[PDB]
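Below is one structure, written out as structure tokens; the observations come after it.
Other chains of the complex are left out, but the ones given are in their true place.
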Amino acid sequence: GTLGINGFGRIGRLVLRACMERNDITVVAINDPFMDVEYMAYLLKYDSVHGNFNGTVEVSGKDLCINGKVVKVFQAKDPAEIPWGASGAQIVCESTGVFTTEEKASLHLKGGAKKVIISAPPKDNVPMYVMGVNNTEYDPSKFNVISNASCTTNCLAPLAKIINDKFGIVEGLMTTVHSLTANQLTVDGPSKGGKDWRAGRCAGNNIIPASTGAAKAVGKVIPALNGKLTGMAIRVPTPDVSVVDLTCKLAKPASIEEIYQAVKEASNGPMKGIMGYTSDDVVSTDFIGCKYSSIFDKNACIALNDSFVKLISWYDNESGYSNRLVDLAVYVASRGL
Amino acid sequence: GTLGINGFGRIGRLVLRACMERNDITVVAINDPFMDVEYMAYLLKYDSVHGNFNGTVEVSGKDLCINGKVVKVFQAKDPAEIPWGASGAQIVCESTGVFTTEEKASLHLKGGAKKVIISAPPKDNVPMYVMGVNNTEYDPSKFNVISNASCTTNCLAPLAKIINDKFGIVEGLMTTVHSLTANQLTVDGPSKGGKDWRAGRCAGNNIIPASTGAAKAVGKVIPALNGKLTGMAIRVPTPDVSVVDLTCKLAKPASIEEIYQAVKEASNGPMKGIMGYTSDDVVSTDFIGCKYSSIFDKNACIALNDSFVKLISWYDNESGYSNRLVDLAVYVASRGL
């Protein structure tokens, strides 16, 4: 099982770091036109959130040598031009943020990639898989280009699945309090695209409302919840770790204690490694580098009555997501190509 | 109408700044044992959020001279010892955070104060008034010690009143994304009281869940909503301005447009000066120094269906609250003593 990364950004670099921990997938090629091999080596070795790379990075010459293993480096604007097949890359992690359609992401298959995982929710009807929710619905004969959804969908959908299966979600509304991202700016200025005028405001001293499609995305991943969730985000100045705040009306009565046991039962059985739980007095920094998709915080939750609850789940939007994308690439490899 | 301030902290100092804008109430005495007159002058003249004091501050000698008017200064630990009557202070703004019972705050009446406004939700059954919600229920013959509730209750209760009167709230759950406060710490350490273990975590790099009684407080201020709201807070690193995120099931169908008109109608009529609205792409810094209790953000709100909505309202937790406390002191003066 071999992996190519297009776009060596926050997700592309932490996907690389996650594979270097992992014995059943290897990164064999990277493409990023806005950094040479030496700048790629620097942004890999040093991270302002995730700390110094655990291992060795050197430049061998238009290639990286990461823990002693050769990683071919490319600088191609066009996906059709990256020689993925020559490099021996079977799956491409597409993490540029700018090839989020089947039309655009399928051009990677001309380079000789077998499968493409988009690291984003798609602009079209590319199927989204979330690990431990609907990843086993994946059909290798039907799709070559798939999406791993967003950080937030990977947080919310495991929690929503547990809740819906055990109690039933009638109606739900999510807020995500979300750490800041590359789309935001250090000082007030024109947003790229003049599209989210608010995203362009000084990131470090503002609470910034954002639209997110994450909650409607849970309706694709869990069709039972189609039209039962919507949601909004609030961007805050912290550098990493985000929190989903899911308000739902339940079809059956459930105490927070009953919900906590339902979560604990799934975390210790079918969603081992994806869903986690805590009863500790935790704060966002406590999950930097957490590999779980979703950590249910028992003591932060509040119920109005047995039927109407607000549930709090943490997620490392950088590190948790990247582990899931590597999980899905391992899973997709096991199903053939 | 004359005002004494006990506790020259964030609320005590901005109450002073609000009165200096105001022609129908004057601050005549301050008490704070943890700052001398010269340090009081400094913390008044300079503010990291609210900017340089608009006017003159000098030390005349154990007294302040603020815009040319003498303000007597005291350094008394015990409220029974502050000579409020001698200084000519009729109302005491009690903003220490440590005399939030009738038992403790009534000791100010021994000093010759006529009325006490607690600048906090009380630990006992002191009545809470919120301006433009239930302030006209105040009976001067029945209470000498009253509370102005919290910043958050002053944000949520005007919005909840508008919504409940027009559509009816069945059930509601609030999240407040709240700017950081004096209870928090710059670095991880023992909380004062070892009570909110999470509040003691490094304030500047963490998202910190908090308990808040603000939403249950709306059930005292609006008895129709007793038991219909609860709520939680999330402390974030921004220095000022907070946002209430009210998820409610409504008894009547309402679009966000219908809710926006209901808010606009109340902001331009009975809640002039308390409730505001915006359709601009606003972010938290845009309300620093806003005197409104609550600014409804039309474009941040989201409805799941005609009956289940999430509403977003901003509030300057420092400046908006302080104006309301000065409003209530003016109102309480007009009712006698």
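When the chains are written out, they are named A and B in that same order, and each has its own residue count from 1.
Simple rule for what comes next: contacts are C-beta pairs under 8 Å (C-beta built on N, C-alpha and C of every residue); 3 or more make two chains touch, one makes a residue touch a chain.
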Assembly copy number, counted for this structure file with 2 shown: 4
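Rule of thumb we're sticking to: only the chains that are shown with their structure count from here on.
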Inter-chain centre distance, chain A versus chain B - centres from mean C-alpha coordinates, in Å: 39
Residues of chain B defined as touching chain A within the complex: 171-173, 175, 177, 179, 197-198, 201-202, 205-209, 228-232, 234, 236-239, 241-243, 245, 247, 249, 281-285, 297, 299-300, 302-305, 308, 310, 312
